[PDB]
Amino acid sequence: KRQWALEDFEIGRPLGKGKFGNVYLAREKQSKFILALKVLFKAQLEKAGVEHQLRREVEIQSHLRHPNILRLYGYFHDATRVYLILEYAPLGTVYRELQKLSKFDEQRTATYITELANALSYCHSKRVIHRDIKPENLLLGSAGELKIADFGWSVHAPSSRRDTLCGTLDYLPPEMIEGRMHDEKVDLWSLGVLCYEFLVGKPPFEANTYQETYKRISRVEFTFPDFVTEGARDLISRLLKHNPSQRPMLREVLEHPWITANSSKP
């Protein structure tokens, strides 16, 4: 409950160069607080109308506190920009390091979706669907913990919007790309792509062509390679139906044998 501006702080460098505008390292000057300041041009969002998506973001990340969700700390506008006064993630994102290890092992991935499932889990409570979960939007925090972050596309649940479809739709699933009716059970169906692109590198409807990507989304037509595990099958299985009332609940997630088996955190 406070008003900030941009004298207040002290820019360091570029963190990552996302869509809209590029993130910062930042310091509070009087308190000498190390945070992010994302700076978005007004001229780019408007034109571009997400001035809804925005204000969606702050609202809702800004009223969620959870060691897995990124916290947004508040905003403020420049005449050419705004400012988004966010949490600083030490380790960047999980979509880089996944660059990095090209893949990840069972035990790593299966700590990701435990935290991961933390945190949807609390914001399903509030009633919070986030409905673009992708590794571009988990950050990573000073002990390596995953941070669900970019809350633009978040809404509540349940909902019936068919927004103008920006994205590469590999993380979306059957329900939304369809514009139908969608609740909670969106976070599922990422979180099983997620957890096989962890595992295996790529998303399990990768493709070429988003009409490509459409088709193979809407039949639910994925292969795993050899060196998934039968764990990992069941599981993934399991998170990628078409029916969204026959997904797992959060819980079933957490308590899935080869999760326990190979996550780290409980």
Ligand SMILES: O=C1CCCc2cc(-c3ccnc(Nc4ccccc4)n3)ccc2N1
Second form
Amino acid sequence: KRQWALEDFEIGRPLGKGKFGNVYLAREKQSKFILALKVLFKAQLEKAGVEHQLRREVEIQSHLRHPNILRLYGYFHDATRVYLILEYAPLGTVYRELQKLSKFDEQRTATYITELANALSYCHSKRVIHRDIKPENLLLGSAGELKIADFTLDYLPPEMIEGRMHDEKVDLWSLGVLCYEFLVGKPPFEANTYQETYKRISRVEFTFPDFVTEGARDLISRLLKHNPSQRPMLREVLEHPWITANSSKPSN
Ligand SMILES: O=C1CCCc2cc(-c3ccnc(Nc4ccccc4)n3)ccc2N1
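Now the other one: the form solved in complex with this ligand, given that the block above is the form solved without this ligand.
Whole complex next, starting from this chain.
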């Protein structure tokens, strides 16, 4: 628990826009340690009323330690800005990869889905749910392993948008959404308006291109049920035939 300050860093390349400022490559002066520094404006956190949402997410994200979860090393603030000290993820966002490749093969998808599920299984067994399990929020390590970070309906389950009660089953719906997007190149409830997307999610209307294989259709269909109780456990996902046939890493 070292209290940091901006003078302890040399800032570099902008890595991305985080909607609340920007994330920069940085290097710790004393150690030479390379990391990522998320720069948030304090005036924009008050006036989006998320200062609690930040404090609790930072608390949670600091204690969690998994190879497929991006490490938060710490934080500090000055007058204007708050700084998150993050692991640096050399290979960037899954979003960008998907923009590049347009879509992913079954192997890369099934691997990603494993890595997610693993990091979620761990998350659940500390009573942590997530909401924004979306490509903008998944990063890639030097080995190209998936890392979850950043603790718009497109990825939200029916119970959530409807305003119903929700449990750890939200994250299962997310996996189905992502599994679909990874294979097809767009999420399954995509639309041109919010209102429509809302309808699509709420009545669970999705269809498959021809090229999506029977095994993947099975797993996605299983994951995207309206009824949370009907969605499989994470263990079952890791042990799905399509997953085990196509993944590269193993389940845990
Ligand atoms: O939600 C978002 C939108 C997407 C941009 C973004 C990126 C990071 C981040 C954290 C650690 N390593 C990296 N490496 C990286 C490497 C190459 C390209 C881009 C990012 N990037 C954190 C938060 C964040 N904000």
